[PDB]
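I would like the entire structure built from these sequences, with the hints used as guidance.
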Amino acid sequence: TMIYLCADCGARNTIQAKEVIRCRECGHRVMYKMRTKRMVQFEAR
Amino acid sequence: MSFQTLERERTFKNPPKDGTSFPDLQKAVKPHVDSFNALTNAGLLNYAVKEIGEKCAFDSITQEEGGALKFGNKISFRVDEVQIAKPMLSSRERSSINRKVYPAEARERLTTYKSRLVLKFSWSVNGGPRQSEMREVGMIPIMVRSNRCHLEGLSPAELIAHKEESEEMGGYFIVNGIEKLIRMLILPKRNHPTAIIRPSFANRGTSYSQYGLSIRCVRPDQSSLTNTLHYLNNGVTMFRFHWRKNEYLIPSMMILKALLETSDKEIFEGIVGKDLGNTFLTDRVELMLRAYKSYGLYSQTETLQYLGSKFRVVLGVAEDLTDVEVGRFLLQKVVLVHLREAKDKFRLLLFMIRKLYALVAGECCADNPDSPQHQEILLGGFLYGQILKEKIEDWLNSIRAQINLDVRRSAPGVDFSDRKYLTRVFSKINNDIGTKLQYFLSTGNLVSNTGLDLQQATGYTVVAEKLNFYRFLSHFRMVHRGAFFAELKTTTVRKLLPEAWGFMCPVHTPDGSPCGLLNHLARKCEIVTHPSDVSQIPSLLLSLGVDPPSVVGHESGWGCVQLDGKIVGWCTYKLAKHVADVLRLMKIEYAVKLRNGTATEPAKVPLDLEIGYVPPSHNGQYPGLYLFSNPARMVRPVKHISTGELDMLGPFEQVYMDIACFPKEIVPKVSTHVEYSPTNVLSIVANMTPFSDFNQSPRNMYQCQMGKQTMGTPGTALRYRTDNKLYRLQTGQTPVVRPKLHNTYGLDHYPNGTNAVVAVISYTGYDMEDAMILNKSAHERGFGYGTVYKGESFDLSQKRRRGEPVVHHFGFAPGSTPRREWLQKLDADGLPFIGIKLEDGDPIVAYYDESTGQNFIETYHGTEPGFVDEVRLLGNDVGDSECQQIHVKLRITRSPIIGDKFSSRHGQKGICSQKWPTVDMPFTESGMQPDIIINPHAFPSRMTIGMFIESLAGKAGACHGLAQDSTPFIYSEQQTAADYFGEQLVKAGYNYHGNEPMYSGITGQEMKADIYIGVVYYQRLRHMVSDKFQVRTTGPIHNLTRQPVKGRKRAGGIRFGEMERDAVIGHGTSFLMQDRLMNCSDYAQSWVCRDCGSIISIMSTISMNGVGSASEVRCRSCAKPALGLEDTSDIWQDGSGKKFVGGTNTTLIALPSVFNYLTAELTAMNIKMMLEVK
Amino acid sequence: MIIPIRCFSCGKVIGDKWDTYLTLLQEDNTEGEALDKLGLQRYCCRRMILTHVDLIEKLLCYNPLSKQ
RNA sequence: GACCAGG
DNA sequence: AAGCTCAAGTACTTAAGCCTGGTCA
DNA sequence: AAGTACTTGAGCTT
Ligand SMILES: [Zn+2]
Ligand SMILES: [Zn+2]
Ligand SMILES: [Zn+2]
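Protein chains in written order, with the entry's author numbering: chain L, 19 to 63; chain B, 1 to 1174; chain J, 1 to 68.
Derived from the structure by calculation, the hints contain no laboratory data. The beta carbon of each residue, even a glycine, is placed where N, CA and C say it ideally should be. Among these hints, one or two may not hold up.
[Unchecked claim] List time: in silico SDA-like cross-link candidates among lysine to any residue, alpha-carbon distance up to 25 Å:
1. B:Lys1139 to B:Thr1128
2. B:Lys901 to L:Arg63
3. B:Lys987 to J:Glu31
4. B:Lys639 to B:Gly620
5. J:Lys12 to B:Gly989
6. B:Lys343 to B:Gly270
7. J:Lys37 to B:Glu9
8. B:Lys163 to J:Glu31
[As the list claims (entries may be wrong)] If you only want the chain B side, here are some residues facing chain L, beta carbon under 7 Å, derived:
9. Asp18
10. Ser96
11. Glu108
12. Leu110
13. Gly803
14. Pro805
15. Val806
16. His809
17. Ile834
18. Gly835
19. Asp869
20. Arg872
21. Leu873
22. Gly875
23. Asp880
24. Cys883
[What the hints assert, rightly or not] A few chain B residues facing chain L, derived, Cβ under 10 Å:
25. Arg719
26. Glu780
27. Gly811
28. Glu882
Shown next as structure tokens:
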């Protein structure tokens, strides 16, 4: 399972694959993903 | 002026919850949203649906020698009203509160902004019960921030709390997430009977003449149609009209006698009431009268029955009800609509025929309808209402035809009183009209049974590319006159002919093909869209000494007065001018009373009215006092001089009013009006180009058309914008030179470019031929640092074939997944890691079919390292569905790379040429390396001396801490602007002409002559790397001819020919020609028969023997069958099994594949070319 | 967005020289000459912290993780 | 392939 | 008569290159 | 719109 964000209400919703996407409190129909901890390098140029 | 910053910062930190800070942006968007508000309120749709009428069906028992066929069960149904509810959640209630749907979810869910459209249906059962019923009619769009959106009047706090950007302007229909918009088009003037001379008229009707009279009449509900008079050489005039894409041609005397039960003497004394027996008119009217007496009838009844029996077939009216009222119906529907009363139609038609004869009489000039004089604007909402009225008329006529079919079958179920019957009928027919609207807004094909008097049927809608704020505005302001005139090649109406002064901008209109057509409205020219009440106007006119003659009378001296299409009376022309004067004074006085303390009664004369006094003059425009009061026109404000208060006027008063443009230019006894400030003349985008009055107008035109494409800040709400390609300029800043209107419109929220210390100098040597340089240190310390956003979407819904249910899903199907790149990028859900850098050959989303159970892949088809910022799992709909759409927003980064065009604000678009190192640049006595070197040889031959002035202004403003006001027309000839800015500079310490001493960089000694250093605003452009470079070493080919494809997305090749051929074949390079045109593109080895000379006839031999030798091709056409004994050598066999003998003359010739394709298609035309070889 | 640290033409650092510039217009009743008290004598490093739009404070009021 | 864009 | 040059009148294809984007059914 | 060459019918002469 993953973690997302309700677009309007902003609540972690923990949906599992092959599911009905919706905000479990809002009824909204859009979810952003959240950026996890990840090690990326960028040159200072 | 000074930089408003403390106000800017305080508005930024906590947005103003009281009122949207910059009101003039709203007054700029006003046209569209006000047209839509006038749709919903002010009774626009209602009048329309009422004027459709009622539509009928019934059981036909044939007349059979009776004539009056009996019919009992007749239903004529009628539409009460139309309702457009607020856009609620998806149509049905779904286990939650039916909540509002702001446009945010419209733009993210990548779907349109729809709302329920309800109709009120009524009955007639050949009686009077008139029971009604509310009908769901599908879903229609709604203009953001209209009287039907959930954002109107919401204060910017409540906007930023939602997902729109603070100074949202609204005005755009959203469709699938691409904000489509209805461009304003230009139409002939409403109700004003104009004249025409255009050659087609006569040679269409050979007895006809170019002399014609056109009038565009419009009902109160804005459902206009045009009916024109075509005059013919004989003397008669035919009364053109157009119905259902069908022309129609009736004589004027006919319709005139049909209208009123009249005496022909009344006809004549109405035509030539004057100066009794003026020879020309009194003979032409005699000829017309005899010509109509020829084959016509006498009475109104007889004529009406003539016309009715004529038209009954094409008119979609009830097949039965009558024939006399059919005549009173045709004169109700087509002849003259804007006039309600019959007698008034009669008077006006007499006016019209008199004016037309005058036009042939040479006493009236040829009106030039292709001028902003006789032109008007069709707003968006009015066209929307008219198309909705038309789709509703179609819907009614369609269910009418359906019930007629039910009556036609035999009589399957026939009880016109029973409701179950009608719910069945409604079940059968398509009951959705909203999707027709949404398709319209998606593409623009206005498909209606009648064109509604609009020439071109297509192109009405344009996407509102938010690329940069100026482009957003100039989408909202602009107009366009139509492709029909565009296709014609002439220096005509594409000319900026001057009756537009303050109506539609003279400078700003794009370069290229549409140049001169789309004229963006001036800064202040509104579009008056809310009509007014004007009955008090006839009251006051007849109170003012002018009375209409009930007894038929008319003299020479008297002229005509008309209130936007209605004969009110007649007047002597001096009285006409005095009436115009007193009326205009009354208008201004009561308006300036309505603003301040005095209470508001119903406005006697509405301010929007433009009193159209047409003076008389020989060989001049025909004089009729024109009191216009309708919306869908242009209206601009000025200050009145005899009073001291506002006054507005439209595109008649310009040509006849002495409008002084400078308070000091005023000459008494003539000048009746004074302009506020001539800044009010230009458009919005053109206005904000400092010193716009020092440049050669082509350069101001370039800078206008090219500022509309700056890589600037497209707003501030970018987290919630799913648009396709967005550009954001990381570090933009306010111009040090800025016309105060640039602060008033509040651009400071939306900067476009940066401020560069530009030293005009030709030193690097690279910066010639209009290019420039870019100081490398500034280029790496963060000069215009572009960021592109490409939001691409993935939709499993489309890729499923058909039949089986929803199959594919996102993620890693139960089973293994590759480690090498997949598990690196894609997290676990098939959705990529947030922020991981992507390179072209790498996956972005992972989806798997259920049957094969094997994960598929889609890689990042862009050819440039992009990042990932946000991935949106677009839920399908109301709910209860899987994630069937992802939206990945890739954040490409684009620093200034050699080739990335830059531009000052005067038309000096260039290239960043070399990025000269910072230490090898020039420098002054102070130490500032000039950041960007422009070229001196570029200022003559372009006349952008305004730029040098801008340099002065900037070096003045930056020093002290001022914001130099650079509106056009401030600085006059007495004291130059140069002198003022120079006084400023010499105050600051630097040279007075702007010069500065600069030592060179690579030699260390000073430049003999000083150099120029200014502080300009370089709004970076948008053409850098995407456009530029495509290389094709080897790649995909064409299905047909094996020539490389036409791409840059499919590695497509570049075209070389049809002039490139002439170039080389002049160079005398036959080998280069044969190489490029043949060798590199399409090369082949093909066999031909030398005996027969055919190329289709070659077949390679099959099953000759075992492995043995190679397949030696042969020719079928020159080979004979295998019957008979022959030697084993020459024989060979066929795939089907046939053996043959002959056809051995097969050689191996090179031949371009396209010729093979030509042989194929040619022989398909049954003709084949026989090529020889020797 | 944020103030362009290390102004373009010259090399002076002006990052920290905005939040102390803004509270001069704010509460000192001075005009654009206020920045002269900051130690900016040129006019390249002066057209940076004078005419810079701080367009972040209008953009940070858009958290998707609002929790409201 | 068609309609708006753009160099 | 009827042969035969004369007249307006009816059908009928072109309108610079490229290149790049987008939306669309 | 521009303009081309194309083709048919009506009026005059042997
Ligand atoms: Zn929610
Ligand atoms: Zn052969
Ligand atoms: Zn500096």
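Quick one, are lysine 343 of chain B and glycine 270 of chain B close enough, alpha carbons at most 25 Å?
Holds, because 13 Å separates the two Cα atoms, which is no more than 25 Å.
What's the verdict on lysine 163 of chain B and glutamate 31 of chain J, does the C-alpha distance respect the 25 Å limit or exceed it?
violated (36 Å)
Hinted pair, alpha-carbon criterion (25 Å max): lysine 37 of chain J, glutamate 9 of chain B. Please report holds or violated.
holds (21 Å)
Next pair to validate is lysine 12 of chain J with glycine 989 of chain B; report whether the Cα-Cα distance is within 25 Å.
holds (22 Å)
Under 7 Å, Cβ to Cβ, is where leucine 873 of chain B needs to be relative to chain L, so tell me if that hint holds or is violated.
Interface hint status for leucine 873 of chain B: holds (5 Å vs cutoff 7 Å).
Going by Cβ atoms only, is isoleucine 834 of chain B closer than 7 Å to chain L?
holds (4 Å)
Between the alpha carbons of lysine 901 of chain B and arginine 63 of chain L, is the straight-line distance 25 Å or under?
holds (21 Å)
Holds or violated: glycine 835 of chain B as interface residue toward chain L, Cβ cutoff 7 Å?
holds (6 Å)
Need the status of pair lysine 987 of chain B, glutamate 31 of chain J: alpha-carbon distance at most 25 Å?
Distance ~17 Å between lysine 987 of chain B and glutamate 31 of chain J Cα, so the pair holds.
Hint status (Cβ of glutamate 882 of chain B to nearest Cβ of chain L, threshold 10 Å)
holds (6 Å)
Hint check, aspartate 869 of chain B versus chain L [nearest Cβ-Cβ separation less than 7 Å]
This interface hint is violated because 9 Å lies over the 7 Å limit.
Does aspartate 880 of chain B meet its interface restraint, that is, does its C-beta lie within less than 7 Å of any C-beta in chain L?
Holds - the Cβ of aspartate 880 of chain B comes within 7 Å of chain L, reaching about 5 Å at its closest.
Violated hints for the displayed structure, listed by number in ascending order: 4, 8, 9, 12, 13, 14, 15 and 19.
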